[PDB]
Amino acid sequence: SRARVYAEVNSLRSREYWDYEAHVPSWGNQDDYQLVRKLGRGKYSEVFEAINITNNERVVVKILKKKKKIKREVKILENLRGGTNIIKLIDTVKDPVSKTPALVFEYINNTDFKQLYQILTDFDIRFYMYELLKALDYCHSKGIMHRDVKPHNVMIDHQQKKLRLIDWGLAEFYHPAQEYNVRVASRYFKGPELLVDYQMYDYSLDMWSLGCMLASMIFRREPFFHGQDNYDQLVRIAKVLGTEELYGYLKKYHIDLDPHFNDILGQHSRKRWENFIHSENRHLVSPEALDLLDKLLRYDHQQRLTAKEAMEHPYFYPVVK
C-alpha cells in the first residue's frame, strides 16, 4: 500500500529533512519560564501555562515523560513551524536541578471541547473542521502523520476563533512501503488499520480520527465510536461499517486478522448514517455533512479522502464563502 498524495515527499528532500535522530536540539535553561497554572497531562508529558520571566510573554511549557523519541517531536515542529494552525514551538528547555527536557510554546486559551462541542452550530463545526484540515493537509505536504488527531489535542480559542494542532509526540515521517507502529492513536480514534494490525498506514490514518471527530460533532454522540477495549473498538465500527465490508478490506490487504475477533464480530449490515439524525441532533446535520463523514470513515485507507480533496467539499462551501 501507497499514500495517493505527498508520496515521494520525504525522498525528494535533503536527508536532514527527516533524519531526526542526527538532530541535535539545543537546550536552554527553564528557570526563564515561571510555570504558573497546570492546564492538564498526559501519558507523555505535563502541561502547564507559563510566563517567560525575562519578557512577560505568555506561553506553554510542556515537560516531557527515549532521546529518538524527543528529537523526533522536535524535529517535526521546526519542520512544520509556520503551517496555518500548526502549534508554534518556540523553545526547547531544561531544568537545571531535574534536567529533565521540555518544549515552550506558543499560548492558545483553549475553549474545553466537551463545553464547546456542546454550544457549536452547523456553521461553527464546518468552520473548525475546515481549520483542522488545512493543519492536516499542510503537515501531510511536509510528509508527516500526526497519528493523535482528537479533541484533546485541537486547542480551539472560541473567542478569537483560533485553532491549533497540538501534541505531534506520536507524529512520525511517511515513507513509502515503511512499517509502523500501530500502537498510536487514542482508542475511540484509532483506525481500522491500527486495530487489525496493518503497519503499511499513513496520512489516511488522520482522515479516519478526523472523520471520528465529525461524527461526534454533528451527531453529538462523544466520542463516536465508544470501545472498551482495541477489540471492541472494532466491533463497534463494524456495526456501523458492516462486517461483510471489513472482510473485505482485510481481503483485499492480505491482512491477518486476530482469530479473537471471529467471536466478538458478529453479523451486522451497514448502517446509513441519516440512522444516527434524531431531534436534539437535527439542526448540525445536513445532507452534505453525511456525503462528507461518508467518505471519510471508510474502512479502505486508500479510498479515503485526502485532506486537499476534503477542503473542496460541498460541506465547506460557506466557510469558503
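Residue numbers count along the first chain shown, from 1. We call the rigid core the largest set of C-alpha positions that still match within 1.5 Å between the two forms. First, how it differs from the form deposited in another entry.
In the core-superposed comparison between these two forms, the C-alpha atom of residue 181 has shifted by less than 2 angstroms.
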Contents of the next structure:
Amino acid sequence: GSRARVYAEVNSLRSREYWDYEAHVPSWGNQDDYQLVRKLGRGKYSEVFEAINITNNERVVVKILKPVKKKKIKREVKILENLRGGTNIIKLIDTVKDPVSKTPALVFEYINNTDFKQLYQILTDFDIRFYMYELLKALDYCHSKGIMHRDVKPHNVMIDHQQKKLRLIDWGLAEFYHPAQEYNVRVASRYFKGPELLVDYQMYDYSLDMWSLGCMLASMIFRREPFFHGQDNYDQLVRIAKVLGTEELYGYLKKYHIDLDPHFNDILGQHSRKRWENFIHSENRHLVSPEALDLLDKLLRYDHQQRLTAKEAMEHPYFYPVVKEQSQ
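For comparison with the form deposited in one PDB entry, produce the structure of the form deposited in another entry.
Chain alone follows, minus partners and molecules.
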C-alpha cells in the first residue's frame, strides 16, 4: 500500500472529533451580518464574495456553499476549524447561514489576491522562494493537522503580493489523511493532480499537495504555467511523463502495484526523464537555481512517498534565503 511519511498518525492520535468531520456541528452564525460586495469567483460547490461584516466593517470573503451534502460542508468547516491559526491557511472567520434559507457560507478573511497568472510571470527568485515557503508553511501546517488540501494550485494560493501575504484557500477538497484510506482521486485541479491521482491511486496522502506545490513551483520558476498542461487527466499524466519519464512512471506504478488505465497505452509514449534544466530559458533563468531544481526534482516525483514533505521542502536550501531573510 502507501502511507504518508509524515503525519500519518495525526488524526488517529487525535480525538475522533478532530477528524470525524461528519460528526462536526458547525456553529452557524448569521450571514446577515455580511453584506456581499462583489463576487470574487464561483466554484462547483460555492460562490465567493467579497463581503463586509456590517457589524464591524470587516471586509471578508463569504463563500456561499452550494447544495452539496452537508458532509462536504462539515468537512471543509471542520478542516478549516482544525486549521484555524494555521500559518497561511485562510482564516475561516465564521461559518454562517442565511438565517432563513439556512444556506451555509463560510466567511474567510479577506486577502487582496494578486492575479497569479500575472504575478507568476513577475515573481522574483526570492519571491518564489518566499511564497513557496509561505505556501509550504500552510501545507506543512495542514498536513501536520492531518489534512490534505488536495487542491493546491495557484487559484487556491491567494497571494497579496503587496503585503507578501499568502493564504491557501479553498479547503473544500481537503480531506483528513488517514493511513491506508483510499481517497477519491477526483481531487486537485488537472494541472496540479499528482500522478497518483492520474493513475487512480487512491491511497495518496499529503504528498499529493506536494506534487501540486511542485507543479506550482515549476510554473513559477520556469514560468510555464501551468507547468504540466494536460488537456485532460490522461494527457496530464502524459505531460508529466514527458518530463519525469515513462520508465520512471512505470517504476512508480510497479512500486504501488498500479496498473495503468489501458487508455494510457496509446498516449504515454516513451519519454526519458527530462532534466529540469531543460525548462530553463533566458526568461526564467533568473528564477531557476540548482536549489530550485533540486527542490523541484524532489517534489515532482511520481513516487508520492518520495516527494519531499512540506517540511522537508521548507528545509530545502532553496528556502534558505527566505529563512535567512525571515530571521535577519
